[PDB]
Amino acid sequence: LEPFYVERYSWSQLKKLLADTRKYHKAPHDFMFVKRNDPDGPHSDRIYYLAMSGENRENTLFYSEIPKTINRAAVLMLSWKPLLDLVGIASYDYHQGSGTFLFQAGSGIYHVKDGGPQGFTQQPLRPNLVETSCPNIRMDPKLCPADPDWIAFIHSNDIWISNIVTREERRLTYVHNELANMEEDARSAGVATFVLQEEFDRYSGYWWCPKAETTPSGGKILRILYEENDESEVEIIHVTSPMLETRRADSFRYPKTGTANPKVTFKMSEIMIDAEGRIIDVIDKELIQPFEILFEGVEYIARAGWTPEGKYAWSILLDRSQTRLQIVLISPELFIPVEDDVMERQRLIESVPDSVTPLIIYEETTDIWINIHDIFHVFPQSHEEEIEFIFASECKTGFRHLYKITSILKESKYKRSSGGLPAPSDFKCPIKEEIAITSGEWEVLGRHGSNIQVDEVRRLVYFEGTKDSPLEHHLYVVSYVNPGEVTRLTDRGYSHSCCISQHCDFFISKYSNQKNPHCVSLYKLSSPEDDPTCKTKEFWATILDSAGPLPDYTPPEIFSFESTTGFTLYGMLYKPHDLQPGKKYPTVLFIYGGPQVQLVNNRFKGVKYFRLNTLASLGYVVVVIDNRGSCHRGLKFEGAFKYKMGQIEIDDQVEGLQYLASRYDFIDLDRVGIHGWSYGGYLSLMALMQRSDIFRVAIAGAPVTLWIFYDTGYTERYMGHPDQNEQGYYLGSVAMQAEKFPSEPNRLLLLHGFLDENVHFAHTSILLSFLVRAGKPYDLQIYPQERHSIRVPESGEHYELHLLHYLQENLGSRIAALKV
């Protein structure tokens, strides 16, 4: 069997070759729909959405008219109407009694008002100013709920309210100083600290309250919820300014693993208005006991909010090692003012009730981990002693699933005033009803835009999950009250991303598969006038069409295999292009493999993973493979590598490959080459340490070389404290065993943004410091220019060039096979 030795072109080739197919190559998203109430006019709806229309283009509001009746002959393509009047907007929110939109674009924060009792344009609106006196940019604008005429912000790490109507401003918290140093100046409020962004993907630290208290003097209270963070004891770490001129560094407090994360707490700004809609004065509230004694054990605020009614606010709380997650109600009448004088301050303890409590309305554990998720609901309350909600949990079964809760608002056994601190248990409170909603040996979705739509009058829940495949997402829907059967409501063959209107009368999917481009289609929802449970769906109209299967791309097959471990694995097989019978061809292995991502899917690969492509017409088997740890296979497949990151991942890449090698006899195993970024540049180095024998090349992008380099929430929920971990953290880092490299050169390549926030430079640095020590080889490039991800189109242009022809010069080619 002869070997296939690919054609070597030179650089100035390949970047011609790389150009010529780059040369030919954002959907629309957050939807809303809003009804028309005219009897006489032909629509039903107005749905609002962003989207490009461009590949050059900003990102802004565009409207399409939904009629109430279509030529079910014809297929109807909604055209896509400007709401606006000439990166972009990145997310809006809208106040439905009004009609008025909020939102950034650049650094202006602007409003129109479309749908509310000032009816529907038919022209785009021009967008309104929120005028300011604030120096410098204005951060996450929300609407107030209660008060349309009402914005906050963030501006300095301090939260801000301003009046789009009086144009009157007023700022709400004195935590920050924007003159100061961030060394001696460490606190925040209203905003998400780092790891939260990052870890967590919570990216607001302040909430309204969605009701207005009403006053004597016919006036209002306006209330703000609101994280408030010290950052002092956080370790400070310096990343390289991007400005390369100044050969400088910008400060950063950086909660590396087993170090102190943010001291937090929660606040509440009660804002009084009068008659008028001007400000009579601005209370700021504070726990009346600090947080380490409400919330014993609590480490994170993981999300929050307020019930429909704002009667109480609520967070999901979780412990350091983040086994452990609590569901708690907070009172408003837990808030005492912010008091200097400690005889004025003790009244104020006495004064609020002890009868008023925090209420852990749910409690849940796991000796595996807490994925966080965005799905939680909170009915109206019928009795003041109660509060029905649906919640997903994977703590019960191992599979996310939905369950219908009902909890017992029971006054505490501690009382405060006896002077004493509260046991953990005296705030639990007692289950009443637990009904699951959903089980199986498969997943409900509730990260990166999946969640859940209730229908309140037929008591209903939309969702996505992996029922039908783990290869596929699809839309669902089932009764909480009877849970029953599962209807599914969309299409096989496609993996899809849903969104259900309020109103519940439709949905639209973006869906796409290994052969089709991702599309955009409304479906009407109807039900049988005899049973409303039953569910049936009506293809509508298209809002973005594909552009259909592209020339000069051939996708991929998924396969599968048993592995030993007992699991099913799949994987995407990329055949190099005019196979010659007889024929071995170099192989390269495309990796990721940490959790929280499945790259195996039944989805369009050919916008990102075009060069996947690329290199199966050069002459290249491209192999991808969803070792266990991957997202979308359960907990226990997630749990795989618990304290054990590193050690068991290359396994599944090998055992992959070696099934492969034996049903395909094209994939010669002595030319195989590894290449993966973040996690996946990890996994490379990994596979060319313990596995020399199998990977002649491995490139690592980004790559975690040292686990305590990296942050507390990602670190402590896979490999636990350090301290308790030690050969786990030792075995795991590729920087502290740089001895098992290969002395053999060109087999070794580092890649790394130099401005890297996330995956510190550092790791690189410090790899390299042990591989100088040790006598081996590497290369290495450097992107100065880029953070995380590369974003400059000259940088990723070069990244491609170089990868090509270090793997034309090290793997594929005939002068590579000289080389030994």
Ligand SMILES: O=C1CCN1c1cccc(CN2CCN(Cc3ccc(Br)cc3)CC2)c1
Second form
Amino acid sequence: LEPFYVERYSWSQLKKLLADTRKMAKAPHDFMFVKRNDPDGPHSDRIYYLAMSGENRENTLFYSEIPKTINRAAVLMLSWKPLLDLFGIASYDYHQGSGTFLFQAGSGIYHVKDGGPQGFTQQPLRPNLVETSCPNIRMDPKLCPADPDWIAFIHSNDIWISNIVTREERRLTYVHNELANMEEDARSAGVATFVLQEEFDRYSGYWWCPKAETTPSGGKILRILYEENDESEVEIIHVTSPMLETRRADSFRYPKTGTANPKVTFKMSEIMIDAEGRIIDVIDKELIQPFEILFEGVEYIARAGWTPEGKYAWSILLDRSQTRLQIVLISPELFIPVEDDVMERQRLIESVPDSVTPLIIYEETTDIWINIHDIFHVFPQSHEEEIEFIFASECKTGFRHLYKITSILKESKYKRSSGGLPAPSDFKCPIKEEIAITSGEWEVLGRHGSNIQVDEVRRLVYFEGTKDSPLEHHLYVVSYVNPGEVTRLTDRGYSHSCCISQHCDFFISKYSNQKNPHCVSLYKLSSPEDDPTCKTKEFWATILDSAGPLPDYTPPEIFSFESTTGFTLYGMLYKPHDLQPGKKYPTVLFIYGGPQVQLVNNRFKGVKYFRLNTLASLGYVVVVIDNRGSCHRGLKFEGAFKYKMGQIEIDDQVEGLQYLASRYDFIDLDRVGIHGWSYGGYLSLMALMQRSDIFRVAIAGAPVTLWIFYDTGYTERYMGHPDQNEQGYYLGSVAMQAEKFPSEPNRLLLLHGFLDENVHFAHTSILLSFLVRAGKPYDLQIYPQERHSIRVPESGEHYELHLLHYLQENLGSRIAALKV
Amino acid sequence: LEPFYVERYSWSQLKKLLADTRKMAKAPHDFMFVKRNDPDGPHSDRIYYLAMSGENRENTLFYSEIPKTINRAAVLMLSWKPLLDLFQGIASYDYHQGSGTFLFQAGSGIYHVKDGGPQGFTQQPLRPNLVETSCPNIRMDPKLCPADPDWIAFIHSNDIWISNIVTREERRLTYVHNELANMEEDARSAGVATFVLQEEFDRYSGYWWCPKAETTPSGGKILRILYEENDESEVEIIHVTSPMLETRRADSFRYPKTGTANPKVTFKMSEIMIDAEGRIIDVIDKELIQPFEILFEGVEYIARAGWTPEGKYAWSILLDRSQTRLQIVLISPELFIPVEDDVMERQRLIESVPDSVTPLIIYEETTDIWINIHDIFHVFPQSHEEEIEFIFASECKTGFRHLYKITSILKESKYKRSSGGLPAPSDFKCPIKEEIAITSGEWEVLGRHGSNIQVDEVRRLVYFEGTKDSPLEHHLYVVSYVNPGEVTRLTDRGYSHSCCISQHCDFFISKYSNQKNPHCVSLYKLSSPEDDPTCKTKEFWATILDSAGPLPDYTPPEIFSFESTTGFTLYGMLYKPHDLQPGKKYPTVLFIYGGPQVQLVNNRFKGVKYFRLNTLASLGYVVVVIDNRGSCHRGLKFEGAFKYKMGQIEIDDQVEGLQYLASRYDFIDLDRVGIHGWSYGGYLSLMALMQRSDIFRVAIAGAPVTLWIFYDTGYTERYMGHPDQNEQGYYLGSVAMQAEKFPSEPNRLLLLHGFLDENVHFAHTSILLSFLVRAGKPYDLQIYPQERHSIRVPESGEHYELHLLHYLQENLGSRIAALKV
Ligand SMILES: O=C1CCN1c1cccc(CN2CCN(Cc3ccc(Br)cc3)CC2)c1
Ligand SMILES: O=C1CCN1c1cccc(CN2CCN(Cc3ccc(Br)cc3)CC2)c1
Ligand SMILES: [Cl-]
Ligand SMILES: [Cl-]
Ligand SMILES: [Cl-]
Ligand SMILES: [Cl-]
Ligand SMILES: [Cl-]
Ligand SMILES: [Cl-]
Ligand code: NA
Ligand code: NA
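Swap state to the form deposited with the ligand bound from the form solved without the ligand:
Then the entire complex follows, led off by the chain already shown.
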């Protein structure tokens, strides 16, 4: 077995090779189905969606016509009709009754009507700019669902509202002064703080009440539930600003693990409008008792909203350890006006009855961790003293499943008149019913756009899941009344990302597999006459057609092996291009390995991981293995590294690498490299530190070197509080074990974005500080204008060029063998 | 000629080699002579001085006895007597002659002792006496009051305080700064030199005691302190990462970048009334009768300041922004009035001051190149009321720094303040009665880095350091200031000397060395023949610090020189490879600084600071160092070569010098030349690779200036002018704007930078990297996370030396480096 050596290209030649092979647009998303209601016309629905028409284009609203019938011999490509004519849209709001779109595009907030009482346009609409007296950028605009004339938005960390008809603009909260410095004033209203956006994927912090309360005057009362945050006690850090000419650093509140999270509470803005759209008064209201007293043990407001009738506000609440979840109904009557006069304040507390109380309709615990998701459906309230809902959970079985729950809304044992504090279980509602809708060794999905859609007429629930395979997401449907058979609606051989129409007669799937790039197709749903419970599907039309299998991309093979740990572990193998018999090639292991991610699945990897194919063309074996802790395999699989991050991941990587090495003689174990970003860069350092016998080179991108520097929401979920896991934090932090790195140079390469807000450069800078003390060699590349991503394409081109060149000169080439 | 390939040591082996070969203390300095006045005793003087006793000991005060006579057959070694006892690191000290009071800071504490005064001379170590305080924070810059040695002054939280060391009274004089408030709002200070003044003009203090006390009718006195008051509110704020990397933070400070605002400055005076028993009566803070901008037209920087010997006038040396105009100005105490926010009382105090009292610009000069500030300025005792007599040094006349005796007429000004108009530029200018050149020639007098003059007013002589015999050696000279002609050299040739003359002018001490021999310190007695007091001879008296001798692990370089095509003789240093094999050519490593205010090539011992150039020679590298045009100690025309043109002329001299050696010596392999330097040296290392990639294979740039707009006002504008008036000078001189010119070959560029550098900020490197990334160019990078323009932690220095040797090995010297292309 002779060693294969890669072609030793120059720096200029590699740049040219990369540029030639480099020669993606956002696929259609955020779908919405509006009915035509026109018996004579040829179309049943109009679908609205966001997309990028090409690579250089901006993301904008489009529409397409869904025909009542189709020529089944042919295939129908729906044409993309532009909705707007502006002189970049991330999301949009819509009001069904009026047909009013509301969206932000650049600095402006705009509105237009389509598909309401005023009909359907046949050409692009010029949008109407919403007026404002506010100087700064307006964020997070939302239509009031009870009245489409009123919008809300955030400006300088305070909630405003504006009327698009009458032009009245009113500030609702006076919590932040923009002029003063952020050290004194660190309060905000209606905005999710850093940890909740970054680690819980909640981006909004205020919620319109869906219904208006009519007054005796002839006007009405609109309500806004919102989060008020106080970040005064949260640690401040200084990250370097993008304007490098201005040699300065921007401040922001980063709650590092162990330290204080923001001080949180619920508030409610009660807005009185008169008979013809004019504001009478705005009453800001607060909880009758403090947040800490009413919600014992709660750190995080994970999710929040309203019930369909607007009777209760709801919220999903977590404790600090993220092992307890509570779903709590909060009545508007629990809020009283904000008064500083102590005599007047005491009367308002007495005016609220003792029967009005927080209602904990669901509670659960786990020894592993609670994974927050977006699934939560509340049914219409039939009985006054009951509430019925669907929720998803891993806590019963260790796999996420849908459960139909009915909770009794008791009057509480605790009485506020006595003047005491409520015990832990005083607000807990008894569970009348708890039926499992789904079950098995597979999970229902509720993240990254995956959710349920409930058909209340047919009494069905649509959902995404891993039932047929952990490598493919599929759409399913099942009854929530007499749950039993789970009917798969998507075709095997692809992994699907689905969106179901609100009318439950259509669904769209964005699908791909290892060989075929992404397609988006529309499918019509229908039942047999004899049984509404049964659901069949039929292909209706293509929205986005694939270009076909790319001629200059060879996809990998998915393999698997039975681990000594007890689990089946899956991997991807890129064989070298033009594989010579009786020769062994250098091997680059690409890794992420952290939680909430799965690299190995049946999806098209030729866009995001296109350069793994490029490595194979140069003559590298490329391997990707999903170790224990990774996503879509249940909570027991995911819980393997609890309190133990860094300690088990590389065992699975080496085990899988040795499985391939014995089964394929062309893998040269003497020249194995490892590379990854974020958690991947972390594990790449751990790989070289723990197993220098296996791994010759390690290229660590944006590595977490020191877990005390990372945030609360993430780190405490998987590693607990630093005091309760002294050893896990030490053993899991590579910066603390600098002496264990090799004394040989050309084995360690550190890559980091200089302006990184998530994984700060200090992780690298402190690692380097200890590497200097330990007398250890290292290589370093900095990307001075990057923030945990590739904003500027030149820095991405330079990264790719350097990595190929580094792997060439220190792993693959003939010179690399001579250099040792 | 075969190429020599250096031995390919591993990383662990080079660490061992450097650890073994690594196996210094401050030599005696800040000397002072005090006479015994004891006829029966054997000693004439006692010398006090600061010195480090050994390798790992603190810097502290010592004394030695100077005997009246010596055995001229023998060589006397003076023993070091410790002045101070061990406490329950002294950088400098004050002394008061009439009382014998020492004052000095040692750690946080300010201490005092007494010796050599009326109370006599100790024969054992004195216990230091702490100056007690109620101030919460570290006290800075303590100074004895020359008028009354009971009083001291110091800075605390950017304000001036005074403390009586006998009565223990303590008082704050200025209320300009608020320690509790943040620096964005409160950017004012008093008695403190700001960043640019400390870093670019070597002024470390911002307040000056008046040396005489005005007596009152009551039987008390008035003490006075002149001080600078700075307002840094409009100055650019920058954030450098704090030493504590645990808290992901950056410390703010005021950095006036080129072309932006310097601090708003003015003179103030604290009038301090003391009663008959040493108690403070009152403190009156006082300000200039008109603003600083009105009285001192065109002035940006207060370069130097102080008082005349009688305390009649305060003086100051003032520069304009371009640094092409110097002004020496006398400022009377009567120009200051008390601070009064009341509008009617303020107007009455202005009217009480006469119109005759006015600023007195006793000297002015200009230049098309630049003003180099120095510490030479000597005011004689005032004989006539309408005259002032003084010695000063300048390059403005001839282009070399020389001493000039000047007499200026103190004219009552034409401008009158009662008219209510602003003065014209020349209204405060004094006429020059006399301007006699004391020295002259194609060589300079030295007035910086400790070099100054000693003026014997009895014999009417002036001692000074200069470059008359050679630009490669510093020497002590003496000459009359009445009838200047003969310049007598006092120090011996073959060494470069650094000298301190006694206040009595009958002794001098010289710290001397040469390329072959380490540093010595020796005492020399001065005397004259009875017939001619002008004629000065010297005689070795005693050794203070004996040399360790030429240690066996260091082979020093040979000083060479070549006649350049530019018309200047350019000097250099050459380290030949150790065990030089015949018929072989070795890889070369050019070490460079090449910026202004520095000379690397001279006849001094280089085996301490540049020990590792010898280590590079031992591994088999040729090491070259060349003082290009712009460097120090060769006159102002030589220095002015790169005005507006930094980065453009320096590498021509480096390559020309390299090619001189290449023709003269066949052992220099021009195919394998490396370049390396720190600061301006790192800047030129980049420029060398950028411009002459044909000559230089590798460049190792340390803390490089990559963008001149990022560097401060005082330095950049002196050499390059204002950015607006020299757009292409700044462009051509900034490597970050010319990133496309770097090589596409990797393993040729290595950047080194201290992450916490406050002088040449890491931003220089990060913005260079920004443009290198855009241009698609390769680079190597090493950061030192806990360093700031120096090596304070030994581990970072050890890592630097290891990586540098290994980099040169793997990408220049070794056999594998040749195959790697
Ligand atoms: O911070 C910063 C600065 C850049 N960056 C950052 C951080 C996290 C993720 C990503 C995006 N991944 C980059 C790596 N990609 C695979 C890949 C393998 C081999 C080769 Br060759 C090229 C690409 C997947 C996407 C970038
Ligand atoms: O910033 C920073 C961080 C370090 N640093 C900095 C900046 C300016 C000056 C100096 C001190 N010089 C360091 C280099 N020395 C010659 C030398 C050549 C080869 C070898 Br190998 C070792 C030493 C002379 C003294 C250090
Ligand atoms: Cl079931
Ligand atoms: Cl129902
Ligand atoms: Cl000694
Ligand atoms: Cl003369
Ligand atoms: Cl005289
Ligand atoms: Cl010019
Ligand atoms: Na996110
Ligand atoms: Na200095």
